[PDB]
Each structure stands twice: as C-alpha cells, then as structure tokens.
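As a starting point, one isolated chain is supplied in structure tokens, in the form deposited without its partner chain.
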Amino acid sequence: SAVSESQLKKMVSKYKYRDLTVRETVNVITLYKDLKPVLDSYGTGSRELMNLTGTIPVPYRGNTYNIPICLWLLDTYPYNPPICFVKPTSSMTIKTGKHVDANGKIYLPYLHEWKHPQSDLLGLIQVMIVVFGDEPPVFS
C-alpha cells in the first residue's frame, strides 16, 4: 500500500461521497497490485479527479497479459459510473470493437446501467477481465 487512506481522502476532498470512494479505491488497489491511484486532470487542467491507472491481468491464449487502463472516478462516484479507457503503450494499438471505441473508451452494459450499491469498481473490473479475455482491446 504505497498510498495511505489519508492521502486518498485528500485526493477526493472535493468529492461528494469521499469515504465511499476511498473504500472502493483501497479495495481495488489491494486486489489489483498494478493499478495505482493518481490525482490528475481530465480534459481541463482544472478538472482534477482521482483515477486508477495501470494494468489489469487478463488471460488470453494460455498467457496472462497486462492490459493498460485508466478509470476516472467522477466527483459523484459511486452514484455515477467511472469513465474508463484502454491506454495502449507505444508498441500497442487500440483494438476498436464492440466494447472499445477509436479513442479507447470502454463501453459495457455494467457501465451503462450503473447503479449504486449494486455496481462497484471490483465488479466492473471482473467484467472487464472476462470481456477482454474473449477479445483483447489492444494488439501489437
């Protein structure tokens, strides 16, 4: 745990549901060791938001790949869904398809009908693992 709960609470100081966002973030970073919490601007330098960036392990063709993603938590998380992206490296390219558009934006039924408390980040990532395992959102 590189980032403490105290540090996370500070990151979401302007959020509407702070502890709920911190709790779910801790759960995610604990289970997914390659996802890191980062305070960054989404689109506008002033639109500071916490996002979980890194990779998630996805089994494919006998091997486990580390798919690069970025999950933006809006200041209304968990009542509104995160905005999710596939972030290909310099050697990777986004694979446009059913659940990923040209910009790498992820589309999932889980996101479209998102409803707290049934929906959460751990559940979302589990779905991503299954979907990406069937069709990797990136290629070399």
The other form holds:
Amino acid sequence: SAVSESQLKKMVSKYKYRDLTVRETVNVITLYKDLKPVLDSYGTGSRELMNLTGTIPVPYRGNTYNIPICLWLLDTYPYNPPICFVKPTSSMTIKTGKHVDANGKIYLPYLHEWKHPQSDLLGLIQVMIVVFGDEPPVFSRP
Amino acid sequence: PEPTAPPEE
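Now show the form deposited with its partner chain bound, given that the preceding structure was the form deposited without its partner chain.
Full complex below, order starting with the chain above.
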C-alpha cells in the first residue's frame, strides 16, 4: 500500500510545474506516512487537483494527536502556496480562531508570505506542528 | 493512523 511516482506524475498531468510538485510531494509523504496524495474535484467537476489528505502528529499538553488536514496543491504549485484545511471527523469539531476560519481554512504567516523556493511543504508542515501544538485547530466532542 | 483531537482545554 503505497503511491508510486508514476501514479503521482499522472495526477499532476495538467500542472504547470510538474517535476517540482512531484518532488516535494514524495518528500512529504515519505516523512509524514499518514498523508496520502489524492486526485479530486475542487469546486467544479472539471477542476481536478491533487491534494495531500491525512493526519500530521501534533504534540499538545503531553499527548500527541493526529490532526486531520487536507493540503490542496494548485496547478501553480510551488509558486503559489497550497490552500489548506482542517478536516474534522464526526468525533471532533473545528476550533475557529486565529489560524482557522469559519470554513476550516488555515491562515499562517508562512502561507501569507509564501515564496518559492525558500517556502515549501516540509517547512509548512513543520510550522503547522508548532502552531497547532500551541492552539489546536480541532477538539474532541466532549 | 487514526485522526484524534485533544479535549476542550
């Protein structure tokens, strides 16, 4: 159970910067085993984009949580930042706040000033782990 | 492996 580069290259067939997107995607899914590349429609049935869906390990108050996220890579990735969302399961609820809006969209200085090649997905996830470690984007349903 | 979240606090 693993995704080969061939399957990835196919997903980003319509992207403007293919090799760059594939390279970073491989780097991300190798380090973060619970993130998986998925090709799905975004907003319109004709608008297919690849996203990384799954969880990332976030330490909070002495315990590690698998925070559910979805990172949509635009067809202009890595020159434009990904559009990121928290994806709560039925057992949790989104915590609207400083870094999460009403739709679950994530806001971070790293995304706001995103600039290739200094900015990348590995750096973005590292930031998320730190920021969400201070303020979780989701909490369980008590 | 499985999505988890901390309790309110």
